[PDB]
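Form deposited without the named molecule, single chain, as structure tokens, below.
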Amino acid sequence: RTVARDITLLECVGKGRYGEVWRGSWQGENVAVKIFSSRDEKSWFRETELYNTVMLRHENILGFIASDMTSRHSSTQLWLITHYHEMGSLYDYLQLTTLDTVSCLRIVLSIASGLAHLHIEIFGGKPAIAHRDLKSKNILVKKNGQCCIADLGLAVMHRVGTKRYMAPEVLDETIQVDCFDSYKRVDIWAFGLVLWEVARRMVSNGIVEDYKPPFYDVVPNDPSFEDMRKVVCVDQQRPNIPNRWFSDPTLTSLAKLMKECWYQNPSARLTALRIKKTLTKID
């Protein structure tokens, strides 16, 4: 039996402290190849351990293909190989695309669908999973207008999260760390922020907001843990809802939904399944 494993790396589509992502080719088809820095080996191990536990398969979860460890002279090479989404991240896409009502709802309901799939325990099945680093750079846009959730390097089954998206209980270190539901409620906070980022790009009455990240007006770039704690915990600020949203029934409903993801009390926040149901009744 022939096992053709060689992947041709073609173009770098992302570089950071995590390492690099490449468009590659295997047997005539695009794949995405994440090459980990030694600094972030634990993210490869965690995502590989999760996929060795449960082979997640969902239209709104980035599709797993392979985990590879290769011995080198003086180092270990760690690759994660997935489906390739040529439209890139939601963060990328929102910069220079605006949305209509149908495309905005389709994006957010697809994210909610992927998140509820992670969060749910299925018996007889899958363990419940919290993501712990949900953000617009960790969501990819597919050609059919739905999105998928990426990067399970911090996920927990039943590195810290991106500080801009951290829930108040994470910033004030009150999170109930032994309690799995706490981690779902941290994802819901982050989902609300992503919902806000997308909703801003939905046109109503000839108006749209420019792309901005959550809290762009109250924290610096690369905000510190203290910068975030002061805004979110001490002053209890939340992202602005522009007046123009209140002329549009879809954005009026989405504003209500995002507020129900942002309660200071984590147990007051909506569940991913309740968010899905609410989105299916909008429009």
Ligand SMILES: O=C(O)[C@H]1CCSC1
The other form holds:
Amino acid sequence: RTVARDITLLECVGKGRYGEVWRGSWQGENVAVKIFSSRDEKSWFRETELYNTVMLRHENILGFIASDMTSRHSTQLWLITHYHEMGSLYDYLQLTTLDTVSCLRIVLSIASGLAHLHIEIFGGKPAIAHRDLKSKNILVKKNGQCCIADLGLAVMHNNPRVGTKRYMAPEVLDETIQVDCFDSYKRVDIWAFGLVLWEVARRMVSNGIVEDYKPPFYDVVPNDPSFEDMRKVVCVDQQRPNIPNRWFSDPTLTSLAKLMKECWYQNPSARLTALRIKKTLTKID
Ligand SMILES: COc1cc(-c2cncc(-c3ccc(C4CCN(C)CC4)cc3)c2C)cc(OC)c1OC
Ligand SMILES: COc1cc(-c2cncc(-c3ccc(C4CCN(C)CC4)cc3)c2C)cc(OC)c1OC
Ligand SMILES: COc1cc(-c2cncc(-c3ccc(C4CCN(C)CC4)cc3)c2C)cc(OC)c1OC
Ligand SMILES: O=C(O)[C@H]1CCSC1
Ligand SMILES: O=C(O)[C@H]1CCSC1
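Any chance you could show the form deposited with the named molecule bound after that form deposited without the named molecule?
After this comes the whole thing, all chains and molecules, with the earlier chain placed first.
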């Protein structure tokens, strides 16, 4: 039989230190093709090893299609996934505001994806921690739900080696994280989840008011904040993202402020679990 492997790369939709992401076409169908830099080859190996161990399939996890290694004169490393034309949550929040139903649908879908990663199923799948959760690593689907992307730093029950500094938990910044305990990595994801919840909630309209899109800690650290910049804010001063007064006039944003506080405790073991966040979100509105 013919094995059709040609992908037409149509347009570059992302460029960074990691390499590039392209919208591509395979057999009439849109795919996303991540082309890894030599700098970030370990992310391709980790994601590939994870998918070789467990073929994750979940509506709120970016859908795997293929991992390709091709010999050149160098080695070319591609990861091929489903394509989400609306782009990342980061991209989407810049222009778009949200109503109550759209805000809740986004954050419950992220909680659903994250709980699916975290849970060991004994049938099944090992427990997985993401280790780089942020709004750029979440894609928006046409049905209003999101999916979690980029398992290049994921751990299974370290890696390329640290996550995005702006989203690092206090125990990562102060180097107290108990690195031999798998639950430690789940708790780091919950911290980052809380920051994403804050980024989304700001864009939910209430009483004719909305906040502009800002990244977590926009008001206390520079662009491309250093490790030290983040440690001083999060660990030494114990600062947390601001909850605007206008949220306390809206029952949904009041409930979301309480949830994000319960993701941001200095004590990692005090933070809510992804399953408890899902349950809380299903009872809001
Ligand atoms: C190698 O490389 C790539 C391959 C493909 C691809 C193209 N056509 C058909 C296939 C296919 C799938 C599954 C079977 C089964 C049939 C039942 N039998 C009992 C076991 C085997 C055969 C063939 C594939 C996997 C796409 C790619 O990109 C999207 C590839 O990557 C470049
Ligand atoms: C990698 O990705 C894609 C692959 C394909 C594709 C192409 N040829 C054959 C297959 C296939 C056929 C049959 C089996 C099974 C059937 C039951 N039992 C006998 C074991 C073997 C598996 C695989 C597929 C899945 C299509 C896709 O999209 C339409 C893909 O997505 C881009
Ligand atoms: C995060 O991680 C990965 C993401 C993807 C991915 C999948 N669907 C769609 C996208 C996308 C499409 C389009 C835009 C637009 C936004 C508006 N404007 C700025 C021009 C461009 C942004 C994003 C991406 C980037 C694939 C991946 O691997 C193949 C990823 O890595 C695992
Ligand atoms: O790039 C790396 O360091 C990884 C390759 C496979 S295992 C370690
Ligand atoms: O086990 C889980 O939590 C996943 C099943 C479908 S939704 C999440």
